[PDB]
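Data first, discussion second: the structure below is written as structure tokens.
Here we show just some of the chains, and they stay where they sit in the whole.
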Amino acid sequence: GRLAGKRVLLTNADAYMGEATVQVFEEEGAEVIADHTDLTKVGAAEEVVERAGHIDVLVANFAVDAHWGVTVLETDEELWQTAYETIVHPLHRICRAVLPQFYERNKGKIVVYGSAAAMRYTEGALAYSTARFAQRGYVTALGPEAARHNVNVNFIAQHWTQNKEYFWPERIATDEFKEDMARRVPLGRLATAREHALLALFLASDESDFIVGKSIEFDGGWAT
Amino acid sequence: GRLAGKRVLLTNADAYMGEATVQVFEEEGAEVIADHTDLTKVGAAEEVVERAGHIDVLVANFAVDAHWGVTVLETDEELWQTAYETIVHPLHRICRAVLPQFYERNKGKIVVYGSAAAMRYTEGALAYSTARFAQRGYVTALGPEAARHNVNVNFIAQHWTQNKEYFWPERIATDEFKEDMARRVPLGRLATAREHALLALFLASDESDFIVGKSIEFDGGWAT
């Protein structure tokens, strides 16, 4: 298996892209520590890591309501803060928590499950977009720093991928959705969650040691 | 004057790039409201705009200590939050406050004084870089939304530019600094604050109405 003998800490394992990651990574021989801890709590990240034991791979899987269609003037203080609390501050907490053991072993893997809203204008998702931009910045800044210790940090910039938070079954079923998707997505279809996990698998495996601090657009061509 | 008759609200007018903006913009006919209000306080932005009255241009000038050289493991919770509190959350507060009057008139200008740390890896500036990324994301997300109302929102991604916060006189006077800068900056010199204000002048003027949601790198070639 491509992750044989590896132990993978997956945050918010039932949220966002976690379910397909469990399936694919376990098929490939990984032991997946499927964590559900609320990492918006200061100190929670360090406790998760202490309890996990030996970690080879951190999958930083965070999601928050995009509030599709909410305008800049409707983006009130609470909606804005919730975006940062939910997917930005926990990212640094969990990465800072895992890095010491990575540095000790001069080896580690971090895959951040981000969004193409961190790459290009995404209509009607202002606060969410800026929070994903901050995550992208985290990978851009941490990646080259951690690479000195043979640690890979990379960012999957997904869009048009099936999940509960952004492309849930009721939303993607309408003719209106399908028409817009055909206009905007060159490949003309949504990604499956398994397809996302296969990219994550590459970035989590030792097949990708030379990829550092990169944002890989997983969007059917949307941001091209 | 290239800003003749225009009223310009400048945040944190004594910090970062504000002083040269005052000088250049007033030279060009603008009335510059030089604001010193602490916009980390909820409610402050709306109060500033109400007092300011008619605004043609918002200059979103925010800065925070980059903590040059501090690594990921030394980036504690407080340092991280301070970066977002100082330059990320206030940016939405002040833009959200100015947009309503722009939307009534279907005309507006916002110039965000950001950093090239929002574009590329900047050694030893992790939290600052991610917060500047969030600002770049704000311009990327808001720009196209606001452009439907004929409002320009753009981002200056500066680096290697003279200012108190990042390139202060004592720091830039050493031989070691100058040798590092010669290696990293193709132009081989720092920018003046006036040079920065001249780019901001272009983006604040009606000469730049077709520039929407862009990051212009102001870095002597560093990120090229």
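The chains carry the letters A and B, assigned in the order they are written, with residues numbered from 1 in each.
Everything below uses one rule, namely that a contact is a pair of C-beta atoms (placed from the backbone, for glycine too) under 8 Å apart; a residue touches a chain by one contact, two chains touch by 3 or more.
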item	value
Assembly copy number, counted for this structure file with 2 shown	4
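Here, only the chains that are shown with their structure count from here on.
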item	value
Fitted rotation between chain A and its twin chain B in degrees, CA, nearest 5	180
Chain A and chain B, separation of their C-alpha mean positions in angstrom	29
Residue numbers on chain A that touch chain B, as the complex places them	42, 71-73, 75, 77, 80-81, 84, 88-89, 92-93, 95-96, 99-100, 103, 117-118, 120-127, 129-134, 136-138, 140-146, 213
